[PDB]
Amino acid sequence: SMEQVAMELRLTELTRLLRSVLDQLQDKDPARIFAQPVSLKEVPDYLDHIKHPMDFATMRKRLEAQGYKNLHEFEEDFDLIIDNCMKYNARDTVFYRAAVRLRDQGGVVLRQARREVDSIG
């Protein structure tokens, strides 16, 4: 149907905007701490602590399959990155501190993303 095509075009355009958001958030992680999944070879107990692991490569896979339907779903995954790290790692660690800085700097990007998503529809 034409309606299905129009819905698909909307999803494609959201995917474009989320890719730009993702790129901007990942720039706020210049140490690449959050770039890849925590390795279960190197941290073998991780899944005993963290039930829903997340990282930027994993988000990028979902994004490129058009697997985010709305900004809320995308933000859920970004918040998992931050929140998982702030539980597994202590306050005095470069990991925790990286997550705080990513959260604080990412807030700005996400605030305007929400306005754009709403504005453009």
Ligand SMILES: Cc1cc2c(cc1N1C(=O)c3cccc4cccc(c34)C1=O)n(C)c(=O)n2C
Second form
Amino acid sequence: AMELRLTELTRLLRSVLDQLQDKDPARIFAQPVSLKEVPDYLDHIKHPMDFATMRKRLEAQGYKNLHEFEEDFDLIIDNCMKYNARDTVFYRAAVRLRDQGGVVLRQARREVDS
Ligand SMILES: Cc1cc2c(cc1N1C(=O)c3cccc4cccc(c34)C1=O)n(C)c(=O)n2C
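Mind pulling up the form deposited with the ligand bound next to the form solved without the ligand we just looked at?
Once more the chain from above appears, this time first in line as the rest of the complex follows.
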């Protein structure tokens, strides 16, 4: 029965995550930060996250509520604004994703509370 309720949540979160990825047309956040390109990344960042990793979790009914999903979105953003300096294409992409994504998530919070 929980999974019946949770099936509806998934559907809504799928749509939210699609909208979020559209706010990253550079695909900067679409997969794990490459450890080939950034061999020291896990020394800096203890909990990596990216949209593909969210999508896996989503499709395994791994998000039991919207807050768990927003936590992983926030990890993408916060990890990026820690690792990268402010003038970089990465930090600026994180700011735009945070700003544009917040609009999407504020509407999502309303639809969940229904
Ligand atoms: C290369 C890289 C470094 C990143 C970073 C993302 C990338 N990066 C990839 O690792 C990558 C892997 C595979 C395909 C890709 C396609 C487009 C862009 C990236 C990409 C990308 O920016 N983020 C979010 C960071 O904070 N850093 C330091």
